[PDB]
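Only one protein chain is missing; all other protein chains are in place.
Chains: A, B, C, D, E, F, G, H, I, J, K, L, M, N, O, P, Q, R and S, in written order; residue numbering restarts at 1 for each.
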Amino acid sequence: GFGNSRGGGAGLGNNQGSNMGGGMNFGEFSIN
Amino acid sequence: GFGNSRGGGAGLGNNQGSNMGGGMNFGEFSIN
Amino acid sequence: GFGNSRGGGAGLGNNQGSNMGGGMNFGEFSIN
Amino acid sequence: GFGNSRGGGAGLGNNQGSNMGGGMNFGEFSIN
Amino acid sequence: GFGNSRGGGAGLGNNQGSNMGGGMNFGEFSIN
Amino acid sequence: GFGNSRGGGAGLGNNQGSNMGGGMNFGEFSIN
Amino acid sequence: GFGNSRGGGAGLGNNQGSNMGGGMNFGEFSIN
Amino acid sequence: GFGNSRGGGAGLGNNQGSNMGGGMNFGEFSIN
Amino acid sequence: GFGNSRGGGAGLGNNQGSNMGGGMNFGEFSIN
Amino acid sequence: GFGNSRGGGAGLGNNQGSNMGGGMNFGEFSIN
Amino acid sequence: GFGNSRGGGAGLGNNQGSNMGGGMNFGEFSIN
Amino acid sequence: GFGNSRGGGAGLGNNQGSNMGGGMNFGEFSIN
Amino acid sequence: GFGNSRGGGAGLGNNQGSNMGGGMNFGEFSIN
Amino acid sequence: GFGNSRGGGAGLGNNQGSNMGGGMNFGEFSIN
Amino acid sequence: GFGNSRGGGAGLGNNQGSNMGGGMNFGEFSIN
Amino acid sequence: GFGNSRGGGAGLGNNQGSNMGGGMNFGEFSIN
Amino acid sequence: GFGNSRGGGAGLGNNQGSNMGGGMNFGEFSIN
Amino acid sequence: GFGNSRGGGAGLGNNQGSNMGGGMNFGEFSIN
Amino acid sequence: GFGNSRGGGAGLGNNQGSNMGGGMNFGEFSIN
Partner (left out) sequence: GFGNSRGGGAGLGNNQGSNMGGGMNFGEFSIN
């Protein structure tokens, strides 16, 4: 490939005043 | 490929004043 | 390909004052 | 291809004051 | 192809003051 | 199943400002 | 299952400002 | 299962400012 | 399981400013 | 399991400024 | 008000393979 | 107000393979 | 107010393979 | 206020393979 | 205020393989 | 002006794969 | 001005894979 | 000005894989 | 100015893999 791009992963820009969790999978999970 | 783009992954721009979770899968899950 | 684009993944621009979760799959799930 | 585009994935622009979840699949699910 | 476009995926512009979920499939589901 | 979805449990944003008197049973259950 | 989702437990943002009197049973349970 | 998700337990942001009287049983349980 | 997720226990941000009277049982439990 | 996640115990940020009267049982437990 | 909703702002769900700009106002512009 | 919601701001869910800019106002502009 | 929500700001969920800028205002601009 | 939320600021979830800048204002600009 | 939240600032979740800068203001700029 | 916007300079994504021969003058300029 | 925006200079992603022959003048300039 | 923005100079990601022949003048300049 | 921004100089990620022949003048300059 020359200059192409493939999106992946997980991202959260701004998280203000919140409860995040309680059984959460945030990210990239890969099995081969 | 020359300059093309393929979307993937997961992203959240702004999360303000919220509860996020309780059994949540946020991201990219791949199996081969 | 030269400059083409293929949409994928999942994205949420703005999430303000909400409950998001409770058994949610947010992202890209691929199996080969 | 030269400059063409193929839509895919899932996106939500603005989500304000809501409950989103409770058994929800939001994204791209592909199996080959 | 030269400059053509094929629509796909799923998108929601603005969602304000709502309950979205409870057994919902929002996105692109493909099997080959 | 592969990627389906099913709502369950208590719902989303129910009983909003609903003055009860009592005795109610709300959700997904079984009474013997 | 692979990547499906199911809501369960208590819901999302229920009973918002709901004046009760008592006795209620809320969620996913079983009473004997 | 591989990567699915299921809500459970108490919910998300429930009973917001809900004046109770008593006796309620909230969540995912069983009473004998 | 591989990478799934399940909510459980007490929830997220529940009972926000909720004047109780007493007697409530909240979470994921069992009463005999 | 490999890399999954499960919420448990008391929750996240519950009972925020909630005037109780007493008697409540909160979390993940069992009463005999 | 009790539970009502007023729509506003601007949101774009999915934008794939496009040129957006060149003198564009995208959002909410308010003067008092 | 009790539980109502007012939409505002600007959000873009997914932007893949594009040029965005060149004299663009994306957001909320308020003057009092 | 009790539990209401007002949308504002600017957020972009996913931006993959793009040029963003060249005279761009992305955010919240307020003058009093 | 009791539990309400006001959106603001600027956030970008995922930015992959891009040029961002060249005269860009990304954030919150306030004058009083 | 009791438990409310006001969004502000600027945040970028994931930035991979990019050029960011060349005359960029990323953050919060306030004058009183 | 307060918050308006005007496109200028070279455009967005022009001349995509356009075989020229020469001599062209492209943008916002003036030739004497 | 307060918070406006104007594109200028060379554009965004122009001339993508455009075989030239020569002589072109591209951008925002003036030739005497 | 207060917080405005203006693109300038060479652009963003221009001439991607563009076979030239020579002689071009690219950017924001003036030739006498 | 207070907090504005202006692109200038050479751009961002230009000429990616662009086979030249020679003679080009790139950036923000002036030739006499």
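Keep this in mind: a residue touches a chain if its C-beta (ideal position, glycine included) is under 8 Å from a C-beta of that chain, and two chains touch if they have at least 3 such contacts.
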item	value
Touch list for chain N against the chain that is not drawn	19, 21-23
Chain O residues that touch the omitted chain in the full complex	19, 21-25, 29, 31
Footprint left on chain S by the chain that the document does not show	1-32
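By definition in this document, only the chains that are shown with their structure count from here on.
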item	value
For chain F paired with chain S, centre-to-centre distance based on mean C-alpha positions, whole Å	61
Inter-centroid spacing, chain L versus chain C (mean Cα positions, whole Å)	19
Two or more partner chains touched - positions in chain N	1-32
